[PDB]
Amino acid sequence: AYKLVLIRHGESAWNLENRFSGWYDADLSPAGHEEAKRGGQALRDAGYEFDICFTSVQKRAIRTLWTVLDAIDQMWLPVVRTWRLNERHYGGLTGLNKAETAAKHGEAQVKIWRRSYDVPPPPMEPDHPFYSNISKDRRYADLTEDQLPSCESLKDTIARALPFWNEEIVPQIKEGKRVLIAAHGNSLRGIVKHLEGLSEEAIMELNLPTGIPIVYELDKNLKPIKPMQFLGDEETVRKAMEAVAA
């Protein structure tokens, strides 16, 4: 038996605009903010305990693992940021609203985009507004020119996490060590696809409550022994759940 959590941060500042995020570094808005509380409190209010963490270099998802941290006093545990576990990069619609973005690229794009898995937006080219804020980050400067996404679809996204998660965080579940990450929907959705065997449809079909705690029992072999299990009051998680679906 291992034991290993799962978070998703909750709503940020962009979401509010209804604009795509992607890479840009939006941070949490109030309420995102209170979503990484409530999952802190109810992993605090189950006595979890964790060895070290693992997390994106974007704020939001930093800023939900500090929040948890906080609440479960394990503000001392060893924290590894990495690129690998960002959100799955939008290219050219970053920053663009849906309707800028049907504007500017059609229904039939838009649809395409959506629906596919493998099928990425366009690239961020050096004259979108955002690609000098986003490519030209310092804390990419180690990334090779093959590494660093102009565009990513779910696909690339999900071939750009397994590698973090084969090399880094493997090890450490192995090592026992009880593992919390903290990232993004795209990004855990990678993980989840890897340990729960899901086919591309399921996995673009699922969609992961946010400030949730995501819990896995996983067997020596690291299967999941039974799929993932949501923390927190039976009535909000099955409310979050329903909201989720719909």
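Heads up, when I say rigid core I mean the largest set of C-alphas that superpose within 1.5 Å between the two forms. Positions refer to the first chain, counted from 1. What changes on going to the form deposited in another entry:
The only C-alpha among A102, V119, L77, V170 that moves by 2 Å or more between the two forms, given a superposition on the rigid core, is that of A102.
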Contents of the next structure:
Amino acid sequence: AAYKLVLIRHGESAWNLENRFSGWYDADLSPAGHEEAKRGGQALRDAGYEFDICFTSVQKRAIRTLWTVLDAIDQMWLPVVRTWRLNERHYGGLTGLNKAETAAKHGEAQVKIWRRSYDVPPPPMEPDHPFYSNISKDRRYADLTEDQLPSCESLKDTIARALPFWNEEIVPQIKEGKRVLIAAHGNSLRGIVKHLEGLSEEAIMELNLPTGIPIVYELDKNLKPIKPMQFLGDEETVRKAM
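Now show me the form deposited in another entry; what you just gave was the form deposited in one PDB entry.
Chain alone follows, minus partners and molecules.
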């Protein structure tokens, strides 16, 4: 009816098929993941969607997804804004570890906590971690205060540092009538969804947004979903992601 917001979670990354925890590691899209973005774009193109501004993280997999979509819908000229605040949730020490092995050393129970709990952050990424410098010392996050640069994040944490950007940067745009497109990650996107739908912690915990599929929201003048989220795509894909 009124405001339409589109979200898109990047597809499979190189570390995804390596079965590793990525978090803030700047893993790139895998060929398949790239293809996913390509199809999502095609969906938006066929549905004839138009955007006015784009927001994404400072991570390849998301940015590249955005680029692919913009390319697909012939809107590479749209202004885009990058922000670490839309970054995937920081997985602390688990970063780089193989999920299967981690479950084996620490067990299912423990790993479900680390991945599916709302406010229990994973172990901190210590200075001796294989990716400490790679992440925490990346030029990219130079302007984060010492408190801002996380060593690990729980979904509640991720969400806590995202909503601010959504409130000072995205919301304004939506209110001015700008059709926004957000290309981000599972957990950061969860933050937006939880906020929009006012879902409980338990709820958002069980929600898993589809990858590469355009998620469309129709908001009323108060940025509230006048109906449930819908996914653009071919009968199979769309229905399948339900």
